[PDB]
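Visitor: Residues per chain are reported as follows:
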Amino acid sequence: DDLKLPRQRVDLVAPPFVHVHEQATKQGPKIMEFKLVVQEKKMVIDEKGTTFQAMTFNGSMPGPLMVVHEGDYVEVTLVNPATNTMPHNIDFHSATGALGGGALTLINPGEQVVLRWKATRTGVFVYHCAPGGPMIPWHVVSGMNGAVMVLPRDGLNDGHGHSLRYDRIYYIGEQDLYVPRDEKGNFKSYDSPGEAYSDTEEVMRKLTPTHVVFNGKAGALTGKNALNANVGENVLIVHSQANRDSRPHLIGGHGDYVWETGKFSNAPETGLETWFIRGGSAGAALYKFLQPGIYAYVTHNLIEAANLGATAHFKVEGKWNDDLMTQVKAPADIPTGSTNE
Amino acid sequence: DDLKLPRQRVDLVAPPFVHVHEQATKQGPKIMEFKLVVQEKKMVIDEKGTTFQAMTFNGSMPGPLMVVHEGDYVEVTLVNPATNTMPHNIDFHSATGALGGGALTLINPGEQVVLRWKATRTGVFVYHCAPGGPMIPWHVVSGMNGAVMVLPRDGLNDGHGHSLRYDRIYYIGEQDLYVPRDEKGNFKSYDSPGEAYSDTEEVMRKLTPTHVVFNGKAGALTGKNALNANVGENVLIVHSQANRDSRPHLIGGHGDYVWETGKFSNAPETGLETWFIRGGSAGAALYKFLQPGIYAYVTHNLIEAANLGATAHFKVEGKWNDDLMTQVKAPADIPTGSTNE
Amino acid sequence: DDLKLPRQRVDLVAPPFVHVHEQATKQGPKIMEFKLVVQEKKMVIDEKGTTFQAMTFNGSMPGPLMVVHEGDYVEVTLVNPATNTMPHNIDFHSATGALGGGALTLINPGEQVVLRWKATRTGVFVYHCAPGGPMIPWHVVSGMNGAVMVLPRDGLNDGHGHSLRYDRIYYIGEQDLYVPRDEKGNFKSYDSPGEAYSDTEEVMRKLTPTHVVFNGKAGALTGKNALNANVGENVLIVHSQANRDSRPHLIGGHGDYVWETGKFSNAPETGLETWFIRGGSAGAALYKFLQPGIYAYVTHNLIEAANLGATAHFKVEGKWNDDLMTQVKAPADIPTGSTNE
Ligand SMILES: OC[C@H]1O[C@@](CO)(O[C@H]2O[C@H](CO)[C@@H](O)[C@H](O)[C@H]2O)[C@@H](O)[C@@H]1O
Ligand SMILES: OC[C@H]1O[C@@](CO)(O[C@H]2O[C@H](CO)[C@@H](O)[C@H](O)[C@H]2O)[C@@H](O)[C@@H]1O
Ligand SMILES: OC[C@H]1O[C@@](CO)(O[C@H]2O[C@H](CO)[C@@H](O)[C@H](O)[C@H]2O)[C@@H](O)[C@@H]1O
Ligand SMILES: OC[C@H]1O[C@@](CO)(O[C@H]2O[C@H](CO)[C@@H](O)[C@H](O)[C@H]2O)[C@@H](O)[C@@H]1O
Ligand SMILES: OC[C@H]1O[C@@](CO)(O[C@H]2O[C@H](CO)[C@@H](O)[C@H](O)[C@H]2O)[C@@H](O)[C@@H]1O
Ligand SMILES: OC[C@H]1O[C@@](CO)(O[C@H]2O[C@H](CO)[C@@H](O)[C@H](O)[C@H]2O)[C@@H](O)[C@@H]1O
Ligand SMILES: O=N[O-]
Ligand SMILES: O=N[O-]
Ligand SMILES: O=N[O-]
Ligand SMILES: O=N[O-]
Ligand SMILES: O=N[O-]
Ligand SMILES: O=N[O-]
Ligand SMILES: O=N[O-]
Ligand SMILES: O=N[O-]
Ligand SMILES: O=N[O-]
Ligand SMILES: O=N[O-]
Ligand SMILES: O=N[O-]
Ligand SMILES: O=N[O-]
Ligand SMILES: [Cu+2]
Ligand SMILES: [Cu+2]
Ligand SMILES: [Cu+2]
Ligand SMILES: [Cu+2]
Ligand SMILES: [Cu+2]
Ligand SMILES: [Cu+2]
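Residue numbers (the working numbering), protein chains in the order written: chain A, 11 to 351; chain B, 11 to 351; chain C, 11 to 351.
Incorrect hints may appear among the rest.
The list makes no distinction among identical chains, and a pair is therefore deemed to hold if it is satisfied within one copy or across any two copies.
Under the rule of at most 30 Å between Cα atoms (straight-line distance), these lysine-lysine pairs were calculated in the DSSO-like manner [what the hints assert, rightly or not]:
1. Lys45 <-> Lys58
2. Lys329 <-> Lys339
3. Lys51 <-> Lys216
4. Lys52 <-> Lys216
5. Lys329 <-> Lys14
6. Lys339 <-> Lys14
7. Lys216 <-> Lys227
8. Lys234 <-> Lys329
9. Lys339 <-> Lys40
10. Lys40 <-> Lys329
11. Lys298 <-> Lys227
12. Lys216 <-> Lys198
No lab work stands behind these hints: they were computed from the structure.
Just chain A, with the same shape it has in the complex:
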């Protein structure tokens, strides 16, 4: 074995949560070992129960967030069980060479492969399947995409010599979906991804998703699965979109520090209302919560947010600050003596 570094196995966790990691570290470079297992399966993607033929890393949309530090090596075992029907591979936008690794990781059902890439570039980055040709968009918009974060060894900073530390981290993977409809407008169902392909490709061609979802379905991060926080906590929100632009916004908040292009060698922007994730990238925002209550986290095409699935909630515990905002007068009848022209 030429590369003589310590090895550390990481157990991935399902989004929107993130596996255990250090922000700053004084450990030297390691070989960080990850396993991704491809799973093709039918999944429910909206609140009416619509299904579609998904293809996933590790059974989730998005695939899980991987976290390493600058100078680590990332050794990924990609597994394509024989219950799957298609070949698969993986392209890390964090990696250098061989189409991000895609040219070294094509595996048929029943095979696995081991790729190592050096984490030379800091930031959050997309990873996605990319078998070749028209299969590249198809596998990605069927769900085969996630992200990796390469932290500086000293953790995050503000680009002005001040360290930034998060209390909590969430990973929001946004997915554009292209579900075929019948002549009456009802979504169609299929028995396999291969059977769904031709009709799906026709929808894809017109560049208008039927659904835009976080964490794999409409409503995934609302209701009992709202994201928790507390007043005072500095929360890092990683957002990825492997195929299509997005414009994240935290309703009732801001982006205190935003890396919209997602790369920690660049100073963040401050005090944003809405930021922009270019399709094929990950970005990140830090926000320190100042008020309790419900926050909606959306793409601020509000049609997509409210009508195609792209809303998450935060539920924030703590005490209300009437200095920042207050209801001076509750709703009341318009005074008789008013003129409102």
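Got chain A; can you put chains B and C with the ligands on it based on the hints?
Guide: Then chains B and C with the ligands, alone, in the frame of chain A:
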């Protein structure tokens, strides 16, 4: 009354103009009092006379620009006259908490509410109605959006320790509209917003506007309503888009200083050709005019600009500078001795 | 003649290549002389042989890249041969006044015009035809757009006082096309641009291209026309899009230094995965190749890249660096003792 600051009432003016304000101020924080009255009404939105069922703040698309300074408090009386049919509210992207104020301002026809928010974040920001659910996009794309500018108390700067001062300010609100068509392709008319809803939502779902307009209609800021300027004037152009991306461009000019994400804690970019307003945001550009004549101000999807309504004009008075540009030879027949292969 | 500077004639070359130029220069300002000849012609735009009625500068999509330095004057002879059917003009986003020159360059078939503009603004910029009204988008999406680069006289820098020098430069013009289809879905053919107009405008109105291509057609820069480079070379990739957004990505690489808004008075961003060209602009990225092999250069809407034409290749010669990336284990059967749940 706990908050013991001077109160100042502001009279709003219709876009693209902006109410009287100071750039730099040595006044301390104030409670700045604004009134917004919701008006649902049919409006003309294109040059062929197409109408649609609009919903507005203060009778205009966009709603008027509010201008305050960092550290002021903004006390907004939102009025929903009983002639309206729907509930309404307001979300300030400038504000912290309660979904931007939307969770504290839902009012039925016949009611008003008073919200106060502290202007802790500098920049230009969207405000918009957001009643809940699918009503959020519907109210916004029906016209219920505007912007607020929170200036630093020392006015604008270049991010490199130099003050910037504008001679003139204009507010360009861009609106994506989704007007239903009949089976022949003609735009449909309705007697109320409620009657228009179902057909409008179907158009919205396909994410392709029928119209993209400035100041509420195609041609609003062309012809006799071109925007005036003079050679030498430094003009601030605030641009908002509450739902959908835009790419502003001043044809024949530049953006000397551009805050495309719209937030004055970040240094502007210099010398832009075209900038980018992410849907759900406001941005701003300063330009010092150097040449007289007509300028077109567009979104630089030229299909949207020329064919869906999204062109404004500036008419600039002054003297032409032949050093910057000149017609060396006027159109003339191609010389007989020419070879043009 | 009032302007007493040396004159230099430049011979343009077809994209993706760039005419001979100096990066840094100690020559003083010159009048740089360029000729552009409009050519309307049918062109093949995809791998199935689909044609469409194009309109070009100098016979190519994009038009050729012009390169000058800050403070030069650019004297452009625009020629509209009498074999063409339409009037044409030119708008330089690099220029100040008269709608970028469009208001001084409208020429009928059989005419030519000479425009001079001073290169006061550094960066890469779009130029495009803009006759007036609905003809503006039509001429642009028919192919009448290119770019000009205005280099600082000291050449490029990193925004932190370090010079940057490229070994190679390529110009990637991306074109959104709107080809009519018949009732069966087959692309229609026409005998002239005028005959194609009405059906084309209907496609344009729905804001969804049928094709998104580099260098004028699907596959233009793949196969025998892949872009060459070598390990170690710093390559400047200029990307323009005159009408519609794009999100460039170099698969297997990065953007070491990226001016996504395209203007050299602003420091570049570092280490990008994917960048963003706002419609109506040019941007530029520098990358130093570190690995040999094939790279795909795409817009990272992968549907557009793989299915609508928007993929180029680089073929990079040199030696593989197993430190940066290696295939630890080639594809092999999943071990019997594995558990992959
Ligand atoms: O295609 C729109 C048209 O189709 C119908 C069924 O005929 O609804 C479908 O489309 C809706 C919007 O996507 C979904 O809410 C629903 O799951 C789906 O059946 C019509 O109701 C709609 O009018
Ligand atoms: O710079 C990020 C900064 O935002 C902070 C500033 O200290 O606060 C902003 O919001 C708070 C609302 O009170 C204010 O302190 C501040 O004046 C405004 O920009 C933090 O939450 C943090 O360091
Ligand atoms: O739907 C496009 C198709 O509809 C018609 C009327 O049949 O025109 C309508 O659409 C045009 C483009 O939006 C508008 O200019 C016009 O106001 C509207 O009636 C056809 O003329 C067009 O061919
Ligand atoms: O930095 C904004 C700056 O743009 C200025 C520079 O002084 O001018 C630009 O356009 C003018 C066209 O003459 C030139 O002064 C300059 O060299 C170029 O970048 C102003 O209009 C202003 O301060
Ligand atoms: O319109 C989509 C539908 O049309 C057909 C011909 O009937 O294919 C056309 O569209 C394809 C996608 O753009 C092209 O690949 C081809 O050049 C064109 O004829 C059908 O095959 C397709 O099903
Ligand atoms: O800053 C651009 C810089 O990227 C470089 C840094 O020297 O390299 C990056 O990629 C290389 C991969 O080894 C590493 O040197 C570096 O640590 C990482 O950001 C060059 O190719 C260049 O100056
Ligand atoms: O080696 N210190 O954590
Ligand atoms: O299935 N995804 O969270
Ligand atoms: O070959 N890919 O499905
Ligand atoms: O302010 N949120 O849509
Ligand atoms: O208090 N001075 O304007
Ligand atoms: O109606 N708006 O300007
Ligand atoms: O309830 N909103 O129209
Ligand atoms: O240059 N304006 O389209
Ligand atoms: O004048 N020197 O190249
Ligand atoms: O025809 N263009 O490269
Ligand atoms: O008049 N332009 O084709
Ligand atoms: O990583 N490229 O699609
Ligand atoms: Cu796959
Ligand atoms: Cu990719
Ligand atoms: Cu409302
Ligand atoms: Cu909002
Ligand atoms: Cu033309
Ligand atoms: Cu232009």
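Visitor: It remains to establish, for every hint, whether it holds in the given structure.
Guide: Hint check results:
no.	hint	in the structure
1	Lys45 <-> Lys58	neither (33 Å within a copy, 41 Å between copies)
2	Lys329 <-> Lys339	within (20 Å within a copy, 55 Å between copies)
3	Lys51 <-> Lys216	both (25 Å within a copy, 27 Å between copies)
4	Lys52 <-> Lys216	both (23 Å within a copy, 25 Å between copies)
5	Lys329 <-> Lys14	between (52 Å within a copy, 23 Å between copies)
6	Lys339 <-> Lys14	between (68 Å within a copy, 17 Å between copies)
7	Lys216 <-> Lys227	both (21 Å within a copy, 19 Å between copies)
8	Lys234 <-> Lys329	within (21 Å within a copy, 53 Å between copies)
9	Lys339 <-> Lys40	between (59 Å within a copy, 19 Å between copies)
10	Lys40 <-> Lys329	between (43 Å within a copy, 25 Å between copies)
11	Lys298 <-> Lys227	within (27 Å within a copy, 40 Å between copies)
12	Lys216 <-> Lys198	both (17 Å within a copy, 18 Å between copies)
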